[PDB]
Amino acid sequence: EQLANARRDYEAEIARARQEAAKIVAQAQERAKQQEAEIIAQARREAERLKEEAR
Amino acid sequence: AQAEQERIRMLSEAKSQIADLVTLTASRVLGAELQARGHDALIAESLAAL
Numbered sequence: 056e057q058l059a060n061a062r063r064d065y066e067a068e069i070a071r072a073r074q075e076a077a078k079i080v081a082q083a084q085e086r087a088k089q090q091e092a093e094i095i096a097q098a099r100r101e102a103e104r105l106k107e108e109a110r
Numbered sequence: 111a112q113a114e115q116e117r118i119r120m121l122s123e124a125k126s127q128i129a130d131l132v133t134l135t136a137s138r139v140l141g142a143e144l145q146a147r148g149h150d151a152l153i154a155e156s157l158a159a160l
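Going down the list, the protein sequences come from chains U and X.
The entry's author numbering puts the first residue of the first sequence at 56, with every later residue one more than the last.
The entry's author numbering puts the first residue of the second sequence at 111, with every later residue one more than the last.
It should be emphasised that the hints constitute simulated quantities derived from the structure, not laboratory data.
For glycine and all other residues, C-beta sits at the position ideal for the given N, C-alpha and C.
Worth double-checking, as some hints may not be accurate.
[Said to hold, decoys possible] Quick list of simulated restraints, FRET-style, between CB atoms:
id, chain 1, residue 1, chain 2, residue 2, range
1, X, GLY148, U, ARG110, 45 to 51 Å
2, U, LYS106, X, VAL139, 19 to 25 Å
3, X, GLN127, U, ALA96, 33 to 39 Å
4, X, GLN115, U, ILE69, 54 to 60 Å
5, U, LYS78, X, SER122, 54 to 60 Å
6, U, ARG104, X, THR135, 33 to 39 Å
7, U, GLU107, X, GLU155, 52 to 58 Å
8, X, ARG138, U, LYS106, 35 to 41 Å
9, X, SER122, U, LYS106, 18 to 24 Å
10, X, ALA113, U, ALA92, 20 to 26 Å
11, X, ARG138, U, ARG100, 44 to 50 Å
12, X, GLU116, U, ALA96, 19 to 25 Å
[Unchecked claim] Sample of chain X residues lacking proximity to chain U, with all beta carbon distances greater than 10 Å (derived):
id, residue
13, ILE128
14, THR135
15, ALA146
16, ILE153
[To be verified] Short derived list, chain U residues pointing at chain X, Cβ under 8 Å:
id, residue
17, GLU103
18, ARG104
19, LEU105
20, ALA109
Kindly generate the complete structure, drawing on both the sequences and the hints.
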């Protein structure tokens, strides 16, 4: 019982740590994509502003 | 800032174009005015020191 309990606790903590790490990884990747899209969108607006100023 | 620098350069380039156009117009007009004015005394200017 003690060995099984120790093994179960070790497995549960690792699985919880792995799940949290994956969840953070997915959130960071999605957040990075969102920031890149906004930066990319801002670049297009800057180009349009530059083109209008040139005219 | 890049847009602002572009406007400054664009105005500067426009300034250079205007200066070149004015120079060409002055040259064309200067030729007309000089021909009607005559150039009899130009020789005298060639011996102020030589």
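Hint check:
In this structure the hint that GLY148(X) and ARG110(U) lie 45 to 51 Å apart at CB holds, the actual value being about 49 Å. Restraint check, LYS106(U) to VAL139(X): a C-beta distance of roughly 38 Å breaks the suggested window 19 to 25 Å. At about 36 Å, the CB distance of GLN127(X) to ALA96(U) agrees with the hint of 33 to 39 Å. Taking the beta carbon of each, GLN115(X) and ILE69(U) are about 56 Å apart, inside 54 to 60 Å as hinted.
For the pair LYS78(U) and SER122(X), the supplied restraint of 54 to 60 Å holds, since their beta-carbon distance comes to about 55 Å. Between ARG104(U) and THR135(X) the C-beta distance comes to about 36 Å, which sits within the given range of 33 to 39 Å. At about 55 Å, the CB distance of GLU107(U) to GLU155(X) agrees with the hint of 52 to 58 Å. The hinted range of 35 to 41 Å is satisfied by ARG138(X) and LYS106(U), whose Cβ atoms lie roughly 36 Å apart.
Roughly 19 Å separates the CB atoms of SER122(X) and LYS106(U), a value that falls within the hinted 18 to 24 Å. Separated by about 22 Å at the C-beta atoms, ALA113(X) and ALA92(U) satisfy the suggested range of 20 to 26 Å. In this structure the supplied range 44 to 50 Å holds for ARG138(X) paired with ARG100(U), their Cβ-Cβ distance being about 46 Å. At about 21 Å, the beta-carbon gap between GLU116(X) and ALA96(U) stays in the expected band of 19 to 25 Å.
Every CB of chain U lies more than 10 Å from the CB of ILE128(X), the least distance being 18 Å, so the non-interface label holds. Distance check on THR135(X): its Cβ is at least 27 Å (rounded) from any Cβ of chain U, clearing the 10 Å threshold; non-interface status holds. Against chain U, the non-interface label of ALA146(X) holds: every CB pair exceeds 10 Å, the least being about 43 Å. Its beta-carbon lying about 53 Å from the closest one in chain U, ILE153(X) satisfies the requirement of being farther than 10 Å from that chain.
Interface hint status for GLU103(U): violated, as the beta-carbon distance to the closest one in chain X is roughly 11 Å, over 8 Å. Taken as an interface hint, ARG104(U) checks out: its beta carbon lies about 6 Å from the nearest beta carbon of chain X, inside 8 Å. Checking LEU105(U) against chain X: minimum C-beta separation of about 5 Å stays under 8 Å; hint holds. Proximity of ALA109(U) to chain X holds as hinted, the smallest CB-CB distance being about 6 Å (cut-off 8 Å).
Violation of the numbered hints given earlier is confined to hints 2, 17; the remaining hints are satisfied by the structure.
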